[PDB]
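Enquirer: What follows is the residue order along each chain.
Number of protein chains: 4
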Amino acid sequence: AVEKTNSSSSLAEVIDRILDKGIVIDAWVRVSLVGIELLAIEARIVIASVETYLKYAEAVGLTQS
Amino acid sequence: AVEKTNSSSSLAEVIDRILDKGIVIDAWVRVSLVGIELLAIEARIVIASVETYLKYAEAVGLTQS
Amino acid sequence: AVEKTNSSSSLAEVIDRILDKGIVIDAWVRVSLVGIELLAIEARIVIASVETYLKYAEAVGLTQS
Amino acid sequence: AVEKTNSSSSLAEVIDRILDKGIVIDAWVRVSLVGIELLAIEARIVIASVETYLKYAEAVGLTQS
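Residue numbers (the working numbering), protein chains in the order written: chain A, 1 to 65; chain B, 1 to 65; chain C, 1 to 65; chain D, 1 to 65.
The hints are simulated quantities; they were obtained by calculation from the structure and are not laboratory data. Hints may contain errors.
Since the list gives no way to pick one copy over another, a pair counts as held whenever it fits inside one copy or between any two copies.
No farther apart than 30 Å at their CA atoms in a straight line, the calculated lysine-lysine pairs in the DSS-like style are these [claimed, not checked]:
#: 1; residue 1: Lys55; residue 2: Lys21
#: 2; residue 1: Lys55; residue 2: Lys4
#: 3; residue 1: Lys4; residue 2: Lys21
Isolated chain A, as found in the complex:
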């Protein structure tokens, strides 16, 4: 272990710091007419650590609770 004057390193630390903080993007569009809706699209993309997905699933009920 030798200290470095620069914070540059390999991609392993970049991947770790990307995964630990978690990434999720939600996109949805709703179209309605005269009060009623005729279509509704909704989706999301998730890339995060495995620990938070258990918590997501138990929030939505997949995990035992």
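Following the hints, put chains B, C and D in place on chain A, whose structure we already have.
Expert: Then chains B, C and D, alone, in the frame of chain A:
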């Protein structure tokens, strides 16, 4: 760890400071006639930390509460 | 950390100071005839911190209250 | 922090001093005939700090009061 005269660094800190404070943009348009509406569009885009999305979902009821 | 004679910095601080104070623009037009209206358009665009959107939603009733 | 002989600075302070004092422009036209009106247009544009919009909304009743 060596102190630097300039605050410039890699993109990891930029990504972290972007994600922690949270980003959300809401766009919607409503058109009405003689009192009644014939169409209404509404949507939003969210890019933030995973911690605040649990709070959003429990505010809207997805998370267990 | 080295003091600078000029306040110029990167775009991160500009983005932070833009987002913290909040931005919202409201545009609406109403057309009426002989007392009654035949059309009414209203919309707004919001770009602000995530903290104030919970307060907006609870003011309009989306957040639990 | 170094004192300057001139008050010139970046655009951040200009934006802050523009937003804090608040901007609102109201435009409306009313046309009437033999006592009764046949049309009336009214609109306004607002660009100000988020704090005063809560006060506007509670004045018009949107905010809880």
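Enquirer: Each of the hints needs a verdict: does it hold here or not?
Expert: Hint by hint, here is what the structure shows:
no., hint, in the structure
1, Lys55 to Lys21, "both (14 Å within a copy, 16 Å between copies)"
2, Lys55 to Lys4, "neither (38 Å within a copy, 40 Å between copies)"
3, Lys4 to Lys21, "both (25 Å within a copy, 26 Å between copies)"
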